[PDB]
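Trainee: Okay, here's what each chain looks like letter by letter:
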Amino acid sequence: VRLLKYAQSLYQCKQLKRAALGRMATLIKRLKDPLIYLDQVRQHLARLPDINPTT
Amino acid sequence: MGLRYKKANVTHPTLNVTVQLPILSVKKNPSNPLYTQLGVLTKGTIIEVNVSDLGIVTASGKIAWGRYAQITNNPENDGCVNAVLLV
Amino acid sequence: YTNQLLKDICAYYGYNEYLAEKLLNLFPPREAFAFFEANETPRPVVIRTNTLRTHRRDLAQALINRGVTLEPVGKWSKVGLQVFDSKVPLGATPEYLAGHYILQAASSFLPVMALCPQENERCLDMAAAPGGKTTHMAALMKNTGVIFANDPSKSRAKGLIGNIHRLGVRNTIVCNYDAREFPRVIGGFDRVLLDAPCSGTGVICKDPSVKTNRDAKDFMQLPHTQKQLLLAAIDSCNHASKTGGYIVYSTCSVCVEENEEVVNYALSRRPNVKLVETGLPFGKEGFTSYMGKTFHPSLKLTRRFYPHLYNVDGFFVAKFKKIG
Amino acid sequence: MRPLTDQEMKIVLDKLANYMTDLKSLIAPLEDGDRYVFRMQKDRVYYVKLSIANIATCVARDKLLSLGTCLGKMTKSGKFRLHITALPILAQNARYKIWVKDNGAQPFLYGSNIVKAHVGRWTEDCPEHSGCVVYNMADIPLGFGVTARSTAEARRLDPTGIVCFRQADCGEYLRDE
RNA sequence: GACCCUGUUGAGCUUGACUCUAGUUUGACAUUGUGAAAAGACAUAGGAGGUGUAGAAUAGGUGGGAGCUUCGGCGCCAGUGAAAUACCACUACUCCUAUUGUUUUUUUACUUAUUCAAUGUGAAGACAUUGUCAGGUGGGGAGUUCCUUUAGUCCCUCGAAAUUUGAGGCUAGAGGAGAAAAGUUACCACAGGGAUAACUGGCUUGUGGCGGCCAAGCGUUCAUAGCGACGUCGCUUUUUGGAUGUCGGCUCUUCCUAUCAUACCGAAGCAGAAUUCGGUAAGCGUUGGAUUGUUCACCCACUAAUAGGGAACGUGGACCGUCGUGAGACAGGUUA
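Residue numbers (the UniProt record's numbering), protein chains in the order written: chain A, 112 to 166; chain B, 175 to 261; chain C, 262 to 585; chain D, 1 to 177.
Treat the hints with caution; some may be incorrect.
[Said to hold, decoys possible] Partial chain A-side listing against chain B, Cβ under 7 Å, derived:
no. : residue
1   : 115
2   : 140
3   : 148
[Unchecked claim] Computed spacing ranges between beta-carbons, pair by pair:
no. : chain 1 : residue 1 : chain 2 : residue 2 : range
4   : D       : 125       : C       : 499       : 49 to 55 Å
5   : B       : 187       : C       : 345       : 33 to 39 Å
6   : B       : 178       : C       : 273       : 44 to 50 Å
7   : C       : 285       : A       : 133       : 23 to 29 Å
8   : B       : 198       : C       : 529       : 43 to 49 Å
9   : A       : 119       : D       : 5         : 31 to 37 Å
10  : B       : 178       : C       : 531       : 51 to 57 Å
11  : C       : 328       : B       : 207       : 41 to 47 Å
12  : D       : 51        : C       : 531       : 37 to 43 Å
13  : D       : 75        : B       : 207       : 23 to 29 Å
14  : D       : 54        : C       : 531       : 50 to 56 Å
15  : D       : 61        : C       : 273       : 28 to 34 Å
No lab work stands behind these hints, which were simulated from the structure alone.
Ideal placement from N, C-alpha and C gives every residue a C-beta, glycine not left out.
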């Protein structure tokens, strides 16, 4: 945001936006495996029996 | 305020390792001596970088702390500042 | 085992093997471990008041008003204070801008405190790279007398002169000379101050390079250079004066090759020197003999300062009086 | 390694009398007989004692850098200048003194010209372009300069107006570090 | 406008020859004495030494030596220590006492040194004082027209260092009208000159950069003069969950879809319900409050839902100057 605020040209904004979106893309690319693990735990915790310990 | 960068991504031509290291100072910007004096970081600009973390051993079995590194990207195009170390 | 401890310390802390051997010789394993933890631990920052311009309670009140947390540095130093936190930068505050104080270390306190400059006296400082020592001599003598300041380098020289004019010493002549050349060129000073360049093993928090950037070659050349430095200082000093004049040697090195050995050499070479009690309250006794090398038993009065014992930079002092 | 010459010390005393009053007191004999004498090295002038000059002349011209207190340097056109290094003597023998507040002194230490809201109290009978010395509230010498106008015009002028043309201040010292 | 140049001005950096010397100057010496008071260091005679560390221990140190052994105390062994201990021999220093004295220095008093008054004898008083050299400086005066960068000799000298280095000498690679002021800068203010009349118009979007590995092909002659996509590896990037300046505000028409909802289906541990993603789809409709300079974010209230945009971004000062140049001002004008 600061870089774009001090941007001076259309190509400047071009490459700045491309670079930022690339950073987020690479971050998710590394986050590839936690998403799979959390999807699996979500599926089971959904298909988990629900008891009442107090009753 | 924001446009300065404190550390640079230095790639070592030998040992094939890239590490983030602090910037010591700016020595020569070939585009403009005025940019050199101010400290402008353009493409191909040699700066002094602390390489204590790398731990390269020099002659007499001695270690080095500060070495030349050529900024080799266009930081205005891509904010991240990247240099190749000179060894 | 000794070798196992050496390897473990070198691996875990990054010290060179040879310097680690010297430090292990210097301190027992408990004291050694405390010393290494201390010297990787950052030192506190102190502020020295400009007695010529203002006084301690007024400066403290001003910095409290501006939000700086202060504490007096022991009973020993009246002119000093210690900084905990400061909302306003210390550089930009009006007191520092006007010259009410300076930033420094307690090791910068100790040597000029050992010295006792008086009014209308002739003084020398062949190493005043920050300029705090010259400024504090000026503050002690109340801008009465003459100060000569000698430097090797234009850069720290201009830093020196900036500090001097900011603190308003008004009676110092600043020069770029050789410290060895100074006595023959002028000589005849009532008091002389030597902050000899050393290995810097005392303060690796300020100089992390010394953790490794010290080889045996440096450990050999540096003591020879400071030996010639003390030769120059003792040549400069005056034996007889209306006000007693003394030589002060201060260094920031902890290794024995730098400490007590060169002063033993100077004492052996020139009988005119005696050593007197340097007058410093907290310190450690000088070693009578370290590595098969007998030193004059009078070195008992010599003081040492360690980061682990006291929250001060590793520092070394010596005070001498000239007969003829 | 020279003393000043005729026109050189003429311009020097011209500036020094535009800014001070008792240049007799500056160049007057002392009790011991030693005198404060103008020195100039590398086209830069210094104020030293005669004994200091005598004991310093033993040094080679190139190796010696500073002597006494630097007063100023002469430009290529020959115009003489007095600096913040020469500030203390100027404050000691000031003719007109102008005192500023803290909120105005901070821009003054930065390098900004004096504004009317900055000054605390005024000197009287000040000529329009006469030199003056700028102090803070604590009578600490901050700088020197030529006033834009006289005291009465400053009184009747807008608070936002420029008061003194800010020549030199404490900035030079930390500039070099 | 950016931008280039010119002159002035500042900010600088550097040069401003060589040899003596005035101005100088640092240290010593002598002049310079007599006493008294002291102190220090060298003469000696003696007493006692000795821890940074660990080792049992407060380890001068060196040479022999494995128990003289009075006793096996302890040698030996053994740790632990740079150094190991018994012994008998050696010599260094100190901490001192004393005097068996020599010197040195400070202070005091006095005149005998020195210097003044008087001037053809008096006084200050060992303070000043003068002269002697060993230095350094020197743009001032006079006169004429080597140093800088690098490596070796590791040779000689001076040092240091328990034996190897440091600083000079030596050698050989490259450099070079004078005090009046100068050279020069992608720099500053000022005044001026020069140059562009101004921007985009098959431009815009969703996937970063640097380096390496791999890589079909092409290439100077062949995947190696080399160019070279997709991927992967290293850095950003990891072991415990506020940004926003002038603006807006409302309504209305029309259009696009890059679709919030309605309709339709494809996929999902989609039991049901409630959902998520994907696409066909513009007929339909698409509300507030807080907060703020003000918007969005976030926050909460309704509601099927509160989606994004376009409509030539749809309709209702600068000089003439005058007074200042280390910085500015002007109820001055010409006025567009």
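Trainee: Now look at each hint and say whether the structure bears it out.
Mentor: Taking the hints in turn, this is what the structure says about them:
Annotation: interface hint on residue 115 of chain A violated; nearest CB of chain B at approximately 10 Å, more than 7 Å. Violation of the interface hint for residue 140 of chain A is found here, the shortest Cβ-Cβ separation to chain B being roughly 16 Å, above the 7 Å cut-off. Interface restraint check: residue 148 of chain A against chain B, minimum CB-CB distance 28 Å, threshold 7 Å, status violated. Taking the beta carbon of each, residue 125 of chain D and residue 499 of chain C are about 53 Å apart, inside 49 to 55 Å as hinted.
Distance hint for residue 187 of chain B and residue 345 of chain C: a CB-CB separation of about 46 Å, inconsistent with the stated range 33 to 39 Å. Distance hint check for residue 178 of chain B and residue 273 of chain C: the Cβ-Cβ separation is about 35 Å, which falls outside the suggested range of 44 to 50 Å. Checked against the hint of 23 to 29 Å, the C-beta distance between residue 285 of chain C and residue 133 of chain A comes to roughly 51 Å, which is inconsistent with it. Distance hint check: the CB atoms of residue 198 of chain B and residue 529 of chain C are about 44 Å apart, consistent with the given range 43 to 49 Å.
At roughly 55 Å, the beta-carbon separation of residue 119 of chain A and residue 5 of chain D lies outside the given 31 to 37 Å, and the hint is violated. Remark: the range hint 51 to 57 Å for residue 178 of chain B to residue 531 of chain C is upheld by a beta-carbon distance near 55 Å. As the Cβ distance of residue 328 of chain C to residue 207 of chain B is approximately 42 Å, the hint placing it in 41 to 47 Å holds. Checked against the hint of 37 to 43 Å, the C-beta distance between residue 51 of chain D and residue 531 of chain C comes to roughly 30 Å, which is inconsistent with it.
Distance hint for residue 75 of chain D and residue 207 of chain B: a CB-CB separation of about 25 Å, consistent with the stated range 23 to 29 Å. Hint check: residue 54 of chain D to residue 531 of chain C, Cβ distance near 30 Å, so the stated range 50 to 56 Å is violated. Between residue 61 of chain D and residue 273 of chain C, the C-beta spacing of about 56 Å breaks the proposed range 28 to 34 Å.
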